[PDB]
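In structure tokens, one chain follows: the form deposited in one PDB entry.
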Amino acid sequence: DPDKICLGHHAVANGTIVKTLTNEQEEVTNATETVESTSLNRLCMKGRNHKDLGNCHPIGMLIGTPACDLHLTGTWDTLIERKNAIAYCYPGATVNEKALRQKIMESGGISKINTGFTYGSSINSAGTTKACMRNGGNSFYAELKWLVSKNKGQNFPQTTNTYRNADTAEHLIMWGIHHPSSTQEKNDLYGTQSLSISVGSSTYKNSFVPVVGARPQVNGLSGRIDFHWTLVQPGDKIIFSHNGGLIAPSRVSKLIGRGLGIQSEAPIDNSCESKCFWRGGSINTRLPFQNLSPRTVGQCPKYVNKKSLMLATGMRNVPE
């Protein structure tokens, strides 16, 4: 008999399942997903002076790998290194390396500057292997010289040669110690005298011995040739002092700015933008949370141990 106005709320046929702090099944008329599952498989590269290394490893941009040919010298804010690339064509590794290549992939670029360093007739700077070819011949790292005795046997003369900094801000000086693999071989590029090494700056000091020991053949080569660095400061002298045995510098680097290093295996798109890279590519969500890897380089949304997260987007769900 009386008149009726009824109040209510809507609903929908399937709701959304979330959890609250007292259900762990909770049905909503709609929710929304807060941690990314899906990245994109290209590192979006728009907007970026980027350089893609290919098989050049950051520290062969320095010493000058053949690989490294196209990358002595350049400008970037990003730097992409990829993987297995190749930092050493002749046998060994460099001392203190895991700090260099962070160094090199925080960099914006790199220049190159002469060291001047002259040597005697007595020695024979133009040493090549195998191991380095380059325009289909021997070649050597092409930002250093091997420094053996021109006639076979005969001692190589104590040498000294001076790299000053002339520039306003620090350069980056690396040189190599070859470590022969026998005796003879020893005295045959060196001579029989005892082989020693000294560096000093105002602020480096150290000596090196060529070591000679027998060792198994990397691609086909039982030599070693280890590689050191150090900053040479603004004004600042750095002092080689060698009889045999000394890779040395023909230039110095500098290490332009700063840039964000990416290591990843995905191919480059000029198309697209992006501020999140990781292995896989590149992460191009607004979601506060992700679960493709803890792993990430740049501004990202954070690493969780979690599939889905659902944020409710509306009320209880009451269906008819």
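Residue numbers count along the first chain shown, from 1. Note that the rigid core is defined as the largest set of C-alphas that superpose within 1.5 Å between two forms. What changes on going to the form deposited in another entry:
- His10: CA moves 2 Å or more between the two forms after rigid-core fitting.
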Contents of the next structure:
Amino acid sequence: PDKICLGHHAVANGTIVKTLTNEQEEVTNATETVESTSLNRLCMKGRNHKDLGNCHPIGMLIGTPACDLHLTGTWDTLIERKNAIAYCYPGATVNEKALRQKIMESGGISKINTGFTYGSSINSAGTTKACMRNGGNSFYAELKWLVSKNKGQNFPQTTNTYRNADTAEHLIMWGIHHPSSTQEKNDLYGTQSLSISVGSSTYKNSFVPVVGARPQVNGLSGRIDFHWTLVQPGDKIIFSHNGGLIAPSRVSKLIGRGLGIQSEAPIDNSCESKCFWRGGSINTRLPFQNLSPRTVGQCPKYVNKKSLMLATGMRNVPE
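Could you give the coordinates for the form deposited in another entry, as opposed to the form deposited in one PDB entry above?
No partners, no molecules, just the chain.
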């Protein structure tokens, strides 16, 4: 008799996939669902970005020398690097983590003058070997180390007031100097009892410089601790002090939103991406990735798996 036979294709080299019932099932074709490869670069095509280099985000607000080119700007992406510099004079910022994350969430910084002026008893141009600029002693660009003009004399009872005339909230910072020795405390501010008060409608606090022995950081046992708050539109903030205030010459306004990235990978303007990690960019259409659980942006979900092959064909039954 004549005959007609029904059949299906096969391939010489099939691919192994896993099913509900079988770990080693051969199919005609399959495709990977877990991304294993990363580009070792930050893909910045179509992104107005700022690479901070050795500038730490907090340094952008206080004006550390390393941040002189990053005091203002707009960006959709802000890139922070390892071992970035925030403090030239030894010290720290209170609530540092919350502040850094606010900066890394922003889409830019604008600076507005406080307009603080000082009487003739105040020398507002104090500088230090710790904060070098062009081979000369200098200071945080956005603040002023206020000291007594005459060495040893009492720093006068001063009031400085900043009013937010803008429609948006402004971030203000200041420092408190904690001298290394009593003789240094007396030289800059006098023998009087020192006290700094700061008050607004939504914030208030008081500070006292403390003299105390500490080890030297960058050659100095002294410390400048930074503090901060948000001044709401229309509100004012009042600084009352008589020695030890590191006063702001400017305040910051954070604008919009941007993606903060922490990474050691070099910029590539010819590559475009939505997902980033410490080691670079994840440019894939695949739903999963095994590169790192620490990613930012619009990303594939991290999974603890080398490979997960999705079948794109029938069982392979070769001849």
